[PDB]
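J.: One letter stands for each residue in the lines below.
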Amino acid sequence: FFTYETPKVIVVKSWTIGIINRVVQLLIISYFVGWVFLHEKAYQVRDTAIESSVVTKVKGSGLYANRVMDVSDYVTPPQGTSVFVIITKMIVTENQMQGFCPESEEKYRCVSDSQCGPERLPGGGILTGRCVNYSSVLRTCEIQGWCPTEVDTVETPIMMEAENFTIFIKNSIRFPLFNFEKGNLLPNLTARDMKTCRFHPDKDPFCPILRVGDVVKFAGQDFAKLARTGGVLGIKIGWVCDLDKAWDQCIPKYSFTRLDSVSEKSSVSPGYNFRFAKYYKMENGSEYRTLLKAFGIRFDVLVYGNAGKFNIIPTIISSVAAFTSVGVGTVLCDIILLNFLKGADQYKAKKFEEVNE
Amino acid sequence: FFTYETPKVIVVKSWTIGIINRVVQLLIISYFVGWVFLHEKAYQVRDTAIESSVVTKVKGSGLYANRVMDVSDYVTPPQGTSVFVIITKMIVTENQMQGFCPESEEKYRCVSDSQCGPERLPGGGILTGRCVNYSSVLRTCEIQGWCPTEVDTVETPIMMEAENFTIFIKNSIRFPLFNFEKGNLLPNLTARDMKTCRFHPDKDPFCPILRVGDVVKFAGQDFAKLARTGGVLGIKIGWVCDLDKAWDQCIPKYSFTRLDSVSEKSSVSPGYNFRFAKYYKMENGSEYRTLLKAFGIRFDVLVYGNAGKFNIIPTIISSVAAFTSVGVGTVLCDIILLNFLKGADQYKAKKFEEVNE
Amino acid sequence: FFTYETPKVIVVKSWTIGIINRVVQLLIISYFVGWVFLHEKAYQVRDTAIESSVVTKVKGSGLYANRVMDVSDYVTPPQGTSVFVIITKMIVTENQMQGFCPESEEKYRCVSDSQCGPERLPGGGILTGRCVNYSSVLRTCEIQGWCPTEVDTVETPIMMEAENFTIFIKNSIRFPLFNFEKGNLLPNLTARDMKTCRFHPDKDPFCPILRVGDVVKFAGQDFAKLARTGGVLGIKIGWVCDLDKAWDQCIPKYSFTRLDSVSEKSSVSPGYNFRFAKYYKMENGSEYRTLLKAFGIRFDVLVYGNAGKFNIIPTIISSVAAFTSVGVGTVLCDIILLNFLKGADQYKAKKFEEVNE
Ligand SMILES: Nc1ncnc2c1ncn2[C@@H]1O[C@H](COP(=O)(O)OP(=O)(O)OP(=O)(O)O)[C@@H](O)[C@H]1O
Ligand SMILES: Nc1ncnc2c1ncn2[C@@H]1O[C@H](COP(=O)(O)OP(=O)(O)OP(=O)(O)O)[C@@H](O)[C@H]1O
Ligand SMILES: Nc1ncnc2c1ncn2[C@@H]1O[C@H](COP(=O)(O)OP(=O)(O)OP(=O)(O)O)[C@@H](O)[C@H]1O
Ligand SMILES: OC[C@H]1O[C@H](O[C@H]2[C@H](O)[C@@H](O)[C@@H](O)O[C@@H]2CO)[C@H](O)[C@@H](O)[C@@H]1O
Ligand SMILES: OC[C@H]1O[C@H](O[C@H]2[C@H](O)[C@@H](O)[C@@H](O)O[C@@H]2CO)[C@H](O)[C@@H](O)[C@@H]1O
Ligand SMILES: OC[C@H]1O[C@H](O[C@H]2[C@H](O)[C@@H](O)[C@@H](O)O[C@@H]2CO)[C@H](O)[C@@H](O)[C@@H]1O
Ligand SMILES: *[C@@H]1O[C@H](CO)[C@@H](O)[C@H](O)[C@H]1NC(C)=O
Ligand SMILES: *[C@@H]1O[C@H](CO)[C@@H](O)[C@H](O)[C@H]1NC(C)=O
Ligand SMILES: *[C@@H]1O[C@H](CO)[C@@H](O)[C@H](O)[C@H]1NC(C)=O
Ligand SMILES: *[C@@H]1O[C@H](CO)[C@@H](O)[C@H](O)[C@H]1NC(C)=O
Ligand SMILES: *[C@@H]1O[C@H](CO)[C@@H](O)[C@H](O)[C@H]1NC(C)=O
Ligand SMILES: *[C@@H]1O[C@H](CO)[C@@H](O)[C@H](O)[C@H]1NC(C)=O
Ligand SMILES: *[C@@H]1O[C@H](CO)[C@@H](O)[C@H](O)[C@H]1NC(C)=O
Ligand SMILES: *[C@@H]1O[C@H](CO)[C@@H](O)[C@H](O)[C@H]1NC(C)=O
Ligand SMILES: [Mg+2]
Ligand SMILES: [Mg+2]
Ligand SMILES: [Mg+2]
Numbered sequence: 069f070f071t072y073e074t075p076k077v078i079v080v081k082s083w084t085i086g087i088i089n090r091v092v093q094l095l096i097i098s099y100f101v102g103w104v105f106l107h108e109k110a111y112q113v114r115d116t117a118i119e120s121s122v123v124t125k126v127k128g129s130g131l132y133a134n135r136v137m138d139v140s141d142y143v144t145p146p147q148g149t150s151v152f153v154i155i156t157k158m159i160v161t162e163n164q165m166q167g168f169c170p171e172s173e174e175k176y177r178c179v180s181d182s183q184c185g186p187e188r189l190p191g192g193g194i195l196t197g198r199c200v201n202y203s204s205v206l207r208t209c210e211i212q213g214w215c216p217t218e219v220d221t222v223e224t225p226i227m228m229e230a231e232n233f234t235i236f237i238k239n240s241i242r243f244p245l246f247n248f249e250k251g252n253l254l255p256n257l258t259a260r261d262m263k264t265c266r267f268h269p270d271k272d273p274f275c276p277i278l279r280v281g282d283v284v285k286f287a288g289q290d291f292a293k294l295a296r297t298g299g300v301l302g303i304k305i306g307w308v309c310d311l312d313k314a315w316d317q318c319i320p321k322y323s324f325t326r327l328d329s330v331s332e333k334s335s336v337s338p339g340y341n342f343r344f345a346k347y348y349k350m351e352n353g354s355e356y357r358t359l360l361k362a363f364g365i366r367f368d369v370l371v372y373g374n375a376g377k378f379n380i381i382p383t384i385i386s387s388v389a390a391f392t393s394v395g396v397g398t399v400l401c402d403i404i405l406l407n408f409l410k411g412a413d414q415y416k417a418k419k420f421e422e423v424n425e
Numbered sequence: 069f070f071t072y073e074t075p076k077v078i079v080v081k082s083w084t085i086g087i088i089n090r091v092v093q094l095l096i097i098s099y100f101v102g103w104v105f106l107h108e109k110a111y112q113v114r115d116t117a118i119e120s121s122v123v124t125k126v127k128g129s130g131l132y133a134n135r136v137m138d139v140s141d142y143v144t145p146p147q148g149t150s151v152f153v154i155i156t157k158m159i160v161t162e163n164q165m166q167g168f169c170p171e172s173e174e175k176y177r178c179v180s181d182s183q184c185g186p187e188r189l190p191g192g193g194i195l196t197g198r199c200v201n202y203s204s205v206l207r208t209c210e211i212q213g214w215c216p217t218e219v220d221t222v223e224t225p226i227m228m229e230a231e232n233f234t235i236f237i238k239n240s241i242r243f244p245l246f247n248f249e250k251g252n253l254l255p256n257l258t259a260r261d262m263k264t265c266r267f268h269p270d271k272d273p274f275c276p277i278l279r280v281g282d283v284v285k286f287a288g289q290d291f292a293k294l295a296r297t298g299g300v301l302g303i304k305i306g307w308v309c310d311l312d313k314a315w316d317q318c319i320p321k322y323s324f325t326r327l328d329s330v331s332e333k334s335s336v337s338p339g340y341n342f343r344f345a346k347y348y349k350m351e352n353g354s355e356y357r358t359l360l361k362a363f364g365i366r367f368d369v370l371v372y373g374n375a376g377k378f379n380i381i382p383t384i385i386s387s388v389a390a391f392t393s394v395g396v397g398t399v400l401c402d403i404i405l406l407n408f409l410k411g412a413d414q415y416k417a418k419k420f421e422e423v424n425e
Numbered sequence: 069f070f071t072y073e074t075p076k077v078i079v080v081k082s083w084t085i086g087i088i089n090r091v092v093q094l095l096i097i098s099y100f101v102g103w104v105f106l107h108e109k110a111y112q113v114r115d116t117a118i119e120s121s122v123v124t125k126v127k128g129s130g131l132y133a134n135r136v137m138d139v140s141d142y143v144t145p146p147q148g149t150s151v152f153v154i155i156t157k158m159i160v161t162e163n164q165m166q167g168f169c170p171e172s173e174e175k176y177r178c179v180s181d182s183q184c185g186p187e188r189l190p191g192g193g194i195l196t197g198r199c200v201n202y203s204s205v206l207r208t209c210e211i212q213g214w215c216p217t218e219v220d221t222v223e224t225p226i227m228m229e230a231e232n233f234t235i236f237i238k239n240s241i242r243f244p245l246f247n248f249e250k251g252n253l254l255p256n257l258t259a260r261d262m263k264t265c266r267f268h269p270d271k272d273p274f275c276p277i278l279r280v281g282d283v284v285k286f287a288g289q290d291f292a293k294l295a296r297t298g299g300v301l302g303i304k305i306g307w308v309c310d311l312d313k314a315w316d317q318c319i320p321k322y323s324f325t326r327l328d329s330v331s332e333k334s335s336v337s338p339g340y341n342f343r344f345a346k347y348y349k350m351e352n353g354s355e356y357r358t359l360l361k362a363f364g365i366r367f368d369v370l371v372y373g374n375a376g377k378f379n380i381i382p383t384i385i386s387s388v389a390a391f392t393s394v395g396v397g398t399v400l401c402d403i404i405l406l407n408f409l410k411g412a413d414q415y416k417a418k419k420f421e422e423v424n425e
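Protein chains in written order, with this note's numbering: chain U, 69 to 425; chain Y, 69 to 425; chain B, 69 to 425.
So that you can see chain U by itself, here it is in the shape it has in the complex:
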């Protein structure tokens, strides 16, 4: 039988419970309108899956080890990705060749060939088993490998000029849920701007060219100490865009920070360095290499974003849930009514029809 059910309802008219319920209903409606709808923007579909593309180019010259260094000297790797390192400090060990030689660290002090056993395996090459004089004051164990051994201890200068190098970022973003593409290079960017512009979070926040010193500062870092220890700085590019607004309002927000924080809270591993070698070989077949322990700043360009565009489906579902939530005040209103007018028994009686068996 096609029958429509619906509850039998009391309709109290006390001025007290009347205004207090109307106030609870007003607060519920305003909370859902201002928060769930305006702020949290539940009326639009959200896309967090951003497509990004970063192309970088470093520019500048520096003085180091009686050489003039250009980008190709101090940037590694060079293909211009969202991660690159700018070498600021280098410990060079020139012209290593395969042979036999003693270690240079005081950690390998010896007086007899009997001590040079399978105990200290890492570092350099393989122990030859002999104990050989490294200097007039020190004897260390002999190893086969790349000779002469590097000295890790003597500090070398840093390339101050790197502070004035320039990082150019080319970022292409696409939100697929809305098929919306934009880049951090607006159409009104000119060649003249590019040759001279200067990024600043306030004075020029759209200039694709970032001064390394500016970035180091923005992360609160001291160029001298950082270029001495090496480290990683993160350049974050945020694309929080409400596409219901104007197209030209989808705009990139720059952030700057230091990513390798653990290094400062450690006296044992304070920075970031890596070792690599330039390989040459003579007219004779023998090979030799220049071994460089490089200290520098690694840069990660981190591009995130989320875009929301209005659709009717989330709007409908949110309005349905809003109407279904306006009712929740009935329980609190029940408590107030049934326990705060002295004649509470009247309402308990009006509402409750007991049964027993």
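I should point out that these hints are in silico values taken from the structure, not numbers from a laboratory.
Fair warning: there could be bad hints in the mix.
Unchecked claim - Mimicking SDA-like on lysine to any residue, the simulated pairs with C-alpha atoms at most 20 Å apart in a straight line are: (1) U:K76 to Y:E73; (2) B:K81 to Y:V77; (3) Y:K349 to U:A133; (4) U:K333 to B:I277; (5) Y:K76 to U:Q414; (6) B:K349 to Y:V136; (7) B:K418 to Y:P75; (8) U:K346 to B:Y348; (9) U:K127 to Y:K346; (10) Y:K76 to B:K416; (11) B:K333 to Y:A314; (12) U:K418 to B:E421; (13) Y:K361 to U:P146; (14) U:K333 to B:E119; (15) U:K416 to B:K418.
Given chain U's structure and the hints, the job is docking chains Y and B with the ligands onto it.
T.: Positioned in the frame of chain U, the structure of chains Y and B with the ligands alone reads:
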């Protein structure tokens, strides 16, 4: 007191509101079955945290600078990860040596030694302060650095053969939530297929071998212009799988796009190139280098996914929400019944027991 | 009129339905405290958008091709990012120069110059169009390019010492929603620890030093086969932290797996290799190169996390959803009471006030 409450209910038996409520209930149930259950598949848990592993290897040979280039020549970096560049154009500066030489851009045109001060610091090398004859017609400032300077301007030809190179992708995906592993190499892939296979959206859509010229076509790009300007193309691999279906139905979808979108929309930065150097030294200790400004296409293999497998918790909660939602039609049915039969007062009286105090 | 509505309610007092509904409600309340609050911890806000930074350094020395190899030889690329390879096997092609020579894979077999045409376009260099003796028993097609060609086929030994190398991971994590930073190097880590510590999932789970052999074992892989074929292992770093608990309890969880899983279930591409060349050039300007096919284990340092901390808003909304969901049992209790107490007719009459017109 162990008491079970339940409300007193009117049960109208009007054929009109009876059928309109029964139809509203059918619409809610059908929307829940077709959309919530079938389409949005709320009966299964979704895992988006896919683990992916990409290994690439390029193949091909080409003529450039009267040389035959193989992979180790035009592929960079070489370790073959989900990112690589295939160089299509090279502006080469052979045999750079650290020394003194004049700049070559008209941007450094001068007549007096006073113009070359510490003002235009970046680029090339460091100004020595003199103004030196660069050619019979032009005078430019001198620099200390890698000599002679690179000339940026004369366009060089492109490696046409790059169009016919082959990109082999090896992709492994794993869903931990369901402990399901699968890869883009189907078990029915043979050595003979590999020896001849062919990626194509229709004729062979599983061949791990993709023609570069094909990929360029698939993003809607003209190979000539792309090899001239450089750019970034994204090869996307999708693993959208309904694990309730068959194991061999979890299949990867290839899509092709160009990621450096701003490049065509820019008159200032139209492509993707970078500069690097081959490092040599004579039998003499003297160092010299070959400088390459490389233009090529970057490939990032982008693997995303989400898999759904049935579990009892999502079905239980969806069915609970359905039963809690069947009641929603009553507000509409209340308004229609209580305000559109002239004797609405009968139902207001049957339903509403007013109160006053 | 500021009026408060509320429904009229039956209040059954049967002992049977009293305890059966109270038990349903007890099960609902206990499920909500134990599951939604204790287990799923809905009383706290979650952030999964973790910011992370990894810096790695490998150490060890090994014998290969009768040379001692250190970090600068076998780690690639070397900048110590979250991805690096420890080359374990090399197929070397010494002293290639630009020229004419026949192919070395049997795939190029010929007897007549008519077979080496523009038919088999890919591979090696450019077919010269002639057919030349590659061996006394075999003839292959001649190509223009780097000569003599590499042989892919002769099996080479592996670098056994690679098993005893050490990988040092330095991970910094940042939860921005709670602005909480920490690193996997606890402040009570000493130099002595670093010099002698030993990672083990049980005995010392915080020593940043991982033996490559240990990593191979934990991912359930045999060093010999991995090192012969090459592959990808994933080192995942997890930060599941309940900030409500102790601060020093935010601890990284290490897991080990092999990522290139398809390699083992496939007869086509069983491992991981790539090719690169050491570039030289003679006293004459002419270039020659040493070509290396590199087999190794790739390492991905994979850092995920989610942090949850108590907030008043999630607790409030969960308690609200709990109180609004306790009502759901009334439908089952309606069914039971109205159809399983013999006096069901009593309750049907007490509850339902029929109407007809
Ligand atoms: N680090 C940097 N500092 C300042 N300007 C830069 C930097 N990198 C690029 N630019 C400028 O941005 C513009 C576009 O960059 P892009 O490198 O794509 O062009 P390009 O002609 O290859 O540049 P160049 O010839 O200067 O290497 C160029 O005019 C270049 O001068
Ligand atoms: N692979 C490894 N195995 C064992 N210990 C390591 C390893 N890598 C680094 N360490 C230790 O941790 C510290 C980290 O040093 P870091 O790489 O930051 O600069 P470094 O002091 O120049 O390193 P090193 O002296 O080892 O070349 C080192 O002093 C070293 O003792
Ligand atoms: N870009 C490519 N184009 C065509 N075939 C390829 C490509 N990359 C790999 N292959 C083939 O796919 C298979 C998987 O390659 P893999 O590198 O694992 O084997 P390989 O023997 O080292 O290959 P190669 O013959 O290049 O040495 C090989 O048989 C190789 O011939
Ligand atoms: O709430 C977001 C919503 O977006 C999409 O829904 C589509 C639907 O899939 C299409 O068939 C279309 O007809 O209706 C909606 C229009 O936006 C997603 O498919 C869906 O998963 C999601 O709920
Ligand atoms: O193939 C074995 C598979 O059977 C079941 O899968 C069902 C699935 O649950 C349904 O949604 C249906 O439409 O498709 C399948 C039947 O072909 C279960 O998943 C399980 O028993 C098993 O994995
Ligand atoms: O999920 C967390 C939630 O945090 C933020 O909400 C804040 C709000 O911004 C503050 O004004 C604070 O007083 O109230 C909330 C605390 O939870 C974000 O606004 C919001 O997007 C985010 O969901
Ligand atoms: C940066 O450039 C300015 C002007 O060219 C100069 O005063 C300053 O010393 C430079 N910075 C460094 C670290 O050399
Ligand atoms: C380019 O136009 C945008 C549009 O609002 C504006 O923000 C920007 O200032 C313009 N560019 C310059 C260099 O002023
Ligand atoms: C190769 O010749 C060079 C001289 O060019 C010499 O120094 C070197 O020792 C020779 N190689 C060997 C293994 O002796
Ligand atoms: C690419 O291959 C086609 C046939 O596949 C051939 O006709 C064409 O000439 C090749 N392109 C180049 C630049 O050699
Ligand atoms: C391999 O299997 C897939 C589906 O598993 C099928 O589409 C494809 O055609 C098969 N390939 C061959 C060569 O049979
Ligand atoms: C590695 O060291 C262990 C113990 O230190 C030893 O059992 C093994 O022989 C060593 N292997 C190599 C290749 O050095
Ligand atoms: C350092 O502290 C951690 C946690 O507080 C502890 O697990 C570890 O045992 C401590 N280190 C040593 C060497 O005891
Ligand atoms: C370059 O010189 C080398 C010997 O140093 C010789 O083998 C080669 O044929 C020469 N090539 C040219 C083009 O001069
Ligand atoms: Mg040291
Ligand atoms: Mg230029
Ligand atoms: Mg081969």
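J.: Against each hint, give a clear statement of whether it holds in the structure.
T.: Now for the hints, and whether the structure bears them out:
| no. | hint | result |
| --- | --- | --- |
| 1 | U:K76 to Y:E73 | holds, 14 Å |
| 2 | B:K81 to Y:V77 | holds, 18 Å |
| 3 | Y:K349 to U:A133 | holds, 17 Å |
| 4 | U:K333 to B:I277 | holds, 18 Å |
| 5 | Y:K76 to U:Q414 | holds, 18 Å |
| 6 | B:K349 to Y:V136 | holds, 16 Å |
| 7 | B:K418 to Y:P75 | holds, 10 Å |
| 8 | U:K346 to B:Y348 | holds, 11 Å |
| 9 | U:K127 to Y:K346 | holds, 19 Å |
| 10 | Y:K76 to B:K416 | holds, 10 Å |
| 11 | B:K333 to Y:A314 | holds, 19 Å |
| 12 | U:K418 to B:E421 | holds, 17 Å |
| 13 | Y:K361 to U:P146 | holds, 10 Å |
| 14 | U:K333 to B:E119 | holds, 18 Å |
| 15 | U:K416 to B:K418 | holds, 18 Å |
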